[PDB]
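With chain N fixed as given, assemble chains D and C onto it according to the hints.
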Amino acid sequence: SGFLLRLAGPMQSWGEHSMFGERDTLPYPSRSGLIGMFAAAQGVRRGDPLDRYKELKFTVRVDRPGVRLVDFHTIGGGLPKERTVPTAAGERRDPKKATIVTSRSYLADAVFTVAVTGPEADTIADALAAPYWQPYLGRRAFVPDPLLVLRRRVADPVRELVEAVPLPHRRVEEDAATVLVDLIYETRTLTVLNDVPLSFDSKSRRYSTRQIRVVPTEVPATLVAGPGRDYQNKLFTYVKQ
Amino acid sequence: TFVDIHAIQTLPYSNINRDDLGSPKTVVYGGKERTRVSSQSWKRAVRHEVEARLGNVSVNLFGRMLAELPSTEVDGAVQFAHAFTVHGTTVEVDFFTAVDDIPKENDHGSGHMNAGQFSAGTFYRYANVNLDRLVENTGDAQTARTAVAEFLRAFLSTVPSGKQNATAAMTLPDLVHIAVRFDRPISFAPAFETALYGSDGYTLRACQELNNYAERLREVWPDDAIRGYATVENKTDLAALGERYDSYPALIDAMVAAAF
Amino acid sequence: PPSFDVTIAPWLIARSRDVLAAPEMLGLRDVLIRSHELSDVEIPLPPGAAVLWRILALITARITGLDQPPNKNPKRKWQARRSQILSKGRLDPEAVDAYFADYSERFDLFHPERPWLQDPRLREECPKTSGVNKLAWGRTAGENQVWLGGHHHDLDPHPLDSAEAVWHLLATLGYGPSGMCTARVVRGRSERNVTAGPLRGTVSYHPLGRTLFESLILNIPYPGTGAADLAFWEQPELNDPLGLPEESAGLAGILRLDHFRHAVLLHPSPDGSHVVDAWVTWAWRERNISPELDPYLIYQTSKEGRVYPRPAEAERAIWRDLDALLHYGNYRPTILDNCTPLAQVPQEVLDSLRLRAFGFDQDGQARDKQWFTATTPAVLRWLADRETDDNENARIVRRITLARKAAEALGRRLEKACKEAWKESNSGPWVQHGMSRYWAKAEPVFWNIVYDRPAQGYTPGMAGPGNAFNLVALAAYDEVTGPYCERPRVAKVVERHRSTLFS
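Residue numbers (the authors' numbering), protein chains in the order written: chain N, 2 to 187, 194 to 248; chain D, 2 to 56, 164 to 368; chain C, 17 to 345, 349 to 446, 463 to 538.
Note that these hints are calculated values from the structure, not bench results. All C-beta atoms in this analysis are idealised placements derived from N, C-alpha and C, irrespective of residue type, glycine included. Treat each hint with caution, since some may be false.
Said to hold, decoys possible - Just some of the chain N residues that point at chain C, by a computed CB distance under 10 Å:
1) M20
2) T88
3) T194
4) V199
5) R213
What the hints assert, rightly or not - Here are the simulated SDA-like pairs of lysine to any residue, each with C-alpha atoms no more than 20 Å apart in a straight line:
6) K388(C) - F73(N)
7) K247(N) - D291(D)
8) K527(C) - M221(D)
9) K210(N) - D293(C)
10) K82(N) - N160(C)
11) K210(N) - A179(C)
12) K210(N) - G184(D)
13) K97(N) - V162(C)
14) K247(N) - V328(D)
15) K476(C) - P223(N)
16) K82(N) - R172(D)
17) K476(C) - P66(N)
18) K82(N) - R45(D)
19) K33(D) - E514(C)
20) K271(D) - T75(N)
21) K98(N) - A157(C)
22) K58(N) - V35(C)
23) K271(D) - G78(N)
24) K476(C) - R105(N)
25) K435(C) - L509(C)
26) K98(N) - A175(D)
27) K33(D) - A232(N)
28) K247(N) - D332(D)
29) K210(N) - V292(C)
30) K33(D) - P66(N)
31) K247(N) - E323(D)
32) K82(N) - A46(D)
33) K98(N) - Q384(C)
34) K438(C) - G23(D)
35) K98(N) - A385(C)
36) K210(N) - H174(C)
37) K82(N) - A53(D)
Said to hold, decoys possible - Covered stretches of chain N (in silico footprint by chain C; criterion: 3 or more residues with CB under 8 Å from a CB of chain C, positions within the stretch not fixed):
38) 25 to 32
39) 203 to 211
Same shape as in the complex, but just chain N:
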């Protein structure tokens, strides 16, 4: 069982621990987000039991860490006072203060290839191919790369993360081999953060911590693609086989 999910695209955000106007992303995908991505693909209404998703495992290798950028993002500004965001008391604030100013962060030009291994993950892959709601990378405005699922069915996909999945253009030294790539596994634990989603109900979303261990591993330098456009070519060669 298992399939390869490729998270790529111009921008993707995987925030955790932010609860005000400023938003912040983890430099790598968060299990909560990917689980919600599958739940959205399967029609799981907000508030439905998320234990079906329990028992999955997410090893994620970071091809390009990507640049982290902060996207300004106002809400309601430049509108007449009557048509701005409501207050909790119900009376709209004065128009010179009715604007909301959020500073949301997002990863741009970053690409990870998570190898999801679970009990029903093959039905989940078959659900991403025909989604109930549009899958997106973190914020809904970010739209996933068309090669969202590199392979629908793979026996031992981590074995395919160690090798035989192409890689972006990187420095390849003379007489070099085995270019270093950071794999992320789920003592030797990088960080602890609230990921595993106890409930997605918008009224009270709650989570619990998951330790992450990031192990730099060594994959053959043959894997990295040539400088220009070759990455797309090798990747497409990869999807048909």
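Structure of chains D and C alone, referenced to chain N:
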């Protein structure tokens, strides 16, 4: 059933969106920085335009009213990608000075010196419409049908209002391609993961590059997707995008016809 | 009647030494008793945990700290008893029940009189309930807009779970907004104004270990010899709003637990499952200087000589867990500087202790921006033991300490660079993006310097950071000031201040 629409609309010297400072918004994508027009800004103009022409489908096509309290449907189903330039773009500073009309025994002590940033380029826009949930939530397939058609026309016709009086950036897209897909929505954004080089323009080259990406994706995954595109150029054929149409509203009509 | 007990009811999430699967929620008494069994107890709200570790340091700790180092080289003998209980490795449950026994009937927060960290009289004199939404964090208040964290319109608000209510009450007693809460009259006195919380907008630093008991022991500031002290819940009778907040040389006055600037009362649900209404209001009109600096926070002196805690910065939270690297270090918190070093007394314990910090970056007023927890990575010390040698190890540790020093020195150099340049160029917003870009680019180069992987500006095996950090700062600074170095007048200013980052 997912109706998605790609446009390659170019914009002259303008500053449609800007940061907390004056400079416009940029994605760093494909290793080359490129200006962008954020999704919410563009969405706001489209939603305002749809609600103005249409006279609660705006809470259905678009998820919820900003100034209304949540009515248990905050999701809009419609997905708006953030528009970004086909090529890499350097931010172009425009130094300006406001002139003082009353003259002292002094000349040119100008009223106000400053410098504002602008940029121009060919943005590759893209959107999605979750048709089935829109029908299940709206109820009547007809209101949904009119709403979907008018939403596509709004996506095409409009341009954001930002520094528009100083730069008349009003423009029509060069290419639109509406693909009624049943498998899943897909954006042709990776066609431009390698920013195109310059000095000969980008409209035509971006048109055939997006044609190459449509051939390849159509090749790996052959689908029952109904497609069609309309261009302001008759010089180049793009067979992978589907049957060509004489115009944009004729195209929108044929694809709205194709969804139902 | 509704009743809830911190000692018996389950609210504290608890993680065991083994398995590391299915953390169970337990009461305060149970955690206290089973401490060596559990690695740690966690609260989702870093403010809630920041006051929590303060109160837990006053219970288990108080019994172990003894509240009395008279004669006998006080610091030496407390460190002697400290070594004695640290050597036992556990606390006898009978001494806990005895402590609980003294005030056993006084804990159940929903008390008709004497509710937990609350004022029971408050209900009668305040006409408008603040509401749960005004108490709970991440929850929209009366004037707050409806955009985030679920939309609460303040009409039929969904009640907080009692356990949940406890976390919020504790946070607001720590961090709390200032100005214009709901006024309650006290014999003719009505002033909606309210002063801010004692630790508001600060990062609390709590050292951790391998098991709970260790941390609780190592978490108590050493109480200097002084007046015997007690907590807000150890107070024999209510304070009254008027009058002076009396000083307290005891550690309860150094845990900032003698009295709160904020006064909360939570109206219970009939079953006791939830809170329905809440009253947040002042308990004191006259502010008092709290004696002695708080061990946990990092302090700073500024021209005029005034001493204030260094505010949390959400930009340092961009690089996950940077503050917990505090241990590898000028100015240092006193609790860490008493318990972590080698003058103390434990033998090996110090080798496996690891630091954790709770920071809530916010305005000192009512605006709030970001909170974050931060335990040190276990990989940095474990990478030191993979080898097991005296030299490549001391060199790893030296490298890591060195890397951290370079990243921070140029972090302040770059803050002051952007700040000075922005002010000068217009005769700041450059600082925000400067720091954001800085830590985002400075994060992987650090991890490349530790592994000795090759990072630009660094050569593997170099004795120190090697200018690796000075390069990232210059690239972030030049990334930010980039579009404005066009005019020659502004370019001259920007150049004068980038030159300082050259080192």
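Below or equal to 20 Å on CA atoms is what counts here, so check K98(N) against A385(C).
Judged against 20 Å, a Cα distance of about 15 Å means the pair holds.
Measure nothing beyond the straight line between the CA atoms of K476(C) and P223(N); if it is 20 Å or shorter, mark the hint as holding.
Satisfied, since the Cα-Cα distance of roughly 18 Å is no more than 20 Å.
Below or equal to 20 Å on CA atoms is what counts here, so check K82(N) against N160(C).
Holds: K82(N) and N160(C) sit about 16 Å apart, inside 20 Å.
Below or equal to 20 Å on CA atoms is what counts here, so check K247(N) against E323(D).
Distance ~14 Å between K247(N) and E323(D) Cα, so the pair holds.
Given pair status - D293(C), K210(N), alpha carbons within 20 Å
holds (18 Å)
Would the hint on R213(N) stand, with a C-beta cut-off of 10 Å toward chain C?
holds (8 Å)
Pair hint outcome, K97(N) versus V162(C) [Cα-Cα no greater than 20 Å]:
With a Cα-Cα distance of about 18 Å, the restraint between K97(N) and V162(C) holds, given a limit of 20 Å.
Would the hint linking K98(N) and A175(D) be met if the CA-CA limit is 20 Å?
holds (15 Å)
How about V199(N): closest beta carbon in chain C under 10 Å, or not?
The hint holds - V199(N) has a Cβ within 10 Å of chain C, the shortest such distance being about 6 Å.
Does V292(C) sit within 20 Å of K210(N), going by the straight-line distance between their CA atoms?
With a Cα-Cα distance of about 16 Å, the restraint between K210(N) and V292(C) holds, given a limit of 20 Å.
Are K82(N) and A53(D) close enough, with their CA atoms no more than 20 Å apart?
Holds. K82(N) to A53(D) sits at ~19 Å (cutoff 20 Å).
Does the structure keep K33(D) and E514(C) at a Cα separation of 20 Å or less?
holds (14 Å)
Hint compliance for this structure: no hint is broken.
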